[PDB]
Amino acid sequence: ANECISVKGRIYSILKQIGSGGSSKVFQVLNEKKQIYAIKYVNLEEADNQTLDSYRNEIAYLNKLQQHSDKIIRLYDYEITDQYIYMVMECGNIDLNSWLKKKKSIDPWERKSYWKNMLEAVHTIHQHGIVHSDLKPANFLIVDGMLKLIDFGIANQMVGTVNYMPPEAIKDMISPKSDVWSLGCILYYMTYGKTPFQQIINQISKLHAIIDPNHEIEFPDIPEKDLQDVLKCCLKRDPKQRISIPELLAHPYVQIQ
């Protein structure tokens, strides 16, 4: 009825469990003053040294990079022992994926503002040598009408689509341009209500379609011609010709009005 978690002396009462994974759980919790937080619990007892290293690495980067942008989820505190990790993080409304799934269409202004947030968080991690390499909507949390990156893709291991995967990741079987493609696929989904290769149901074919230059991606004409241009720029198969994040930050789509 009223279970608690302690983290660095501070007791937090669990309001409800909001998420889970392979031995990882996420809780909505309230502190002594009834302030809301998300606590991510990780059980470390089967984790190997390689896995542990990646976990510490992600915690370290999350801790450092949050001072550089408020579009990165706030890590308030954490307790880490040989058995468990508890992370006290800011609480949000809902992740971008869940919100997108129950949204018939997105307001053009909300879409542009979310895009800006996404570019800002991803730009920040890039400025410190991190390429996420696995961006999807689920990696972003909506907090006070603002998108926040909740992770940096460093974690080793604990569904899962290839809809957001870039062609050079598949051919090389990887740079900051790889994240631009995936962000492109998220924006495309926010624009056209599906991702560029969603219609292909065989995953092998889908992978083949992603790397095939004779497979042309559709860009149906829309009122916002700057949005359409951004999509075409992000979804160029050649990474050298693909637009960069700083180029995207100066794009009329994010700048003009």
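Definition used throughout: the rigid core is the maximal C-alpha set that superposes within 1.5 Å between two forms. Residue numbers count along the first chain shown, from 1. First, how it differs from the form deposited in another entry.
Compared between the two forms on the core, the listed residues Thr51, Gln35, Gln198, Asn63 keep their C-alpha shifts below 2 Å, save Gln35.
The Cα position of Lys240 differs by less than 2 Å between the two forms after fitting on the rigid core. Comparing the forms between the two forms, the C-alpha position of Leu249 differs by less than 2 angstroms, with the core used for superposition.
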The other form holds:
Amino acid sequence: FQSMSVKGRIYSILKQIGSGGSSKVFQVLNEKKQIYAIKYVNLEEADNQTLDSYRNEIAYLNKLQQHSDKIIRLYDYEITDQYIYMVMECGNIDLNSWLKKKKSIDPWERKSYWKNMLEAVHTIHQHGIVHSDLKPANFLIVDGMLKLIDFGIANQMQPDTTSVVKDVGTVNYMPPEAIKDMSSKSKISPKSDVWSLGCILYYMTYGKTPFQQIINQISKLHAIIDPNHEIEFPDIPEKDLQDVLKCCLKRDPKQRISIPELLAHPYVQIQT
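Now that the form deposited in one PDB entry has been shown, please provide the structure of the form deposited in another entry.
Partners and other molecules have been left off, which leaves just the chain.
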């Protein structure tokens, strides 16, 4: 068994939630037997670019605490030359693990989750942050409410397993312009997050991502950028939801709907 100290407060580790690179997230208990998640970053072999990404993520997470409750709570942190400890709320489950377990999603829960994500992403955009790598794993379900966990500034972590692993990230939420930018101008804009949000909502509507069927990677990337590749939008009773999806998944970012527009859309506004 293991334990840890953060700004003079002791926590006992229950299990490891996730890990990625020099980072680990643990489910812990304080002295009062209250649950938290602690992200541990080992900085021993970290370069100045990796260091600055962890510093920038902490500064933005702390700054944005007061601006939205759709951003994960950061209670405390410790930073030295050797490590980082971040004390956060634990939550119930990340949105990716939740979507993989769920068979059918209630239209009211899908709508409520959509509103939470728009608000979180809108808040970061207002502070000049574009995530550019949004996936369901970036969102935490905390008592039926979605909260953005990270800002895409530091390295991404994957959930851990207690079994021996056999062989990775996802390409299913990647904007078409993120692919086109690699050969070449900034390219990136708040619209890149709209596309990724659109892929998440598409998953919550049709049970798959827009290009989940394409197993091959080079053929998937081609399909995301190809204008002749028609994305299927099967008819559903929620006509407003069908329009949101079509407007989020436009290949030209200039034609793609914005976050302020999505917040005034009937899907989010009509019937509360």
